[PDB]
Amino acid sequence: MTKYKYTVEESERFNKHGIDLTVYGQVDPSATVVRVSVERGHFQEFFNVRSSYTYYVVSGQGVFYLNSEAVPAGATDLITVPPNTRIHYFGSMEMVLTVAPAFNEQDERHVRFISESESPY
């Protein structure tokens, strides 16, 4: 009766601010895990008042801006961002993102848009 396995074929895909997001559709209050594909950047800065965001970089290279501080990232790195931290990033990367506890739209706060020209990728 329990559904354990979720596939890409059955997921929802969105373009969100320059990233391609794969939302599998599982429900679990403790964490939301999604796939993020980015060609040049996430051209919007936000923060989340409740959840930490942990990015695992499967492949590629980029740079996170976390409360305006540059944090370089490469394949196999783990980027762990506490709640209430401003986030944007540039890069050409494939990532797995964990939001914990579970992502809630209401918790995410817009700070500013980022010009597409600002990405060096």
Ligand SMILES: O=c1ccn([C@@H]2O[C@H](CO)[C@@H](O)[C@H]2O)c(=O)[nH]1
Second form
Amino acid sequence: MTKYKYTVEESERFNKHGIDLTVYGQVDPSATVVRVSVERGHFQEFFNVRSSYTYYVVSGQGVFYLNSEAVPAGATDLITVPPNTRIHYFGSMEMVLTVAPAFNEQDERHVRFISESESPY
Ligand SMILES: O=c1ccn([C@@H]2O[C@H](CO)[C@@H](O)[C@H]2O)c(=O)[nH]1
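I've shown you the form solved without uridine (URI). Could you give me the structure of the form deposited with uridine (URI) bound?
And the full complex, kicking off with our chain again.
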């Protein structure tokens, strides 16, 4: 009766601000986990008032901007962003993202769009 396994085939998959998201559909108040694929960048800056965003970099190389501070990131690195921190990133990377407490779109806040020319990837 209990669903333990979620697959890519059954996931919701869409593009948002230059990234390709795989949202498995996990429901759990403690955290939710998604895949993020980025070719050149996440061309938007945002923050989340409630949840920490933890990015594990599966492959590739990029750079996060966290409250405007550059944080280089590469394969096998863990990037740990606390709540209420402005986020954007450039790069060519495959990542696994944890949002803890569970992602709620109501908690996210748009700061600005970013020109695609700003990414050096
Ligand atoms: O369940 C989730 C988790 C993350 N994201 C999005 O993934 C990006 C993470 O950088 C942000 O645009 C964030 O809103 C979603 O859309 N849904």
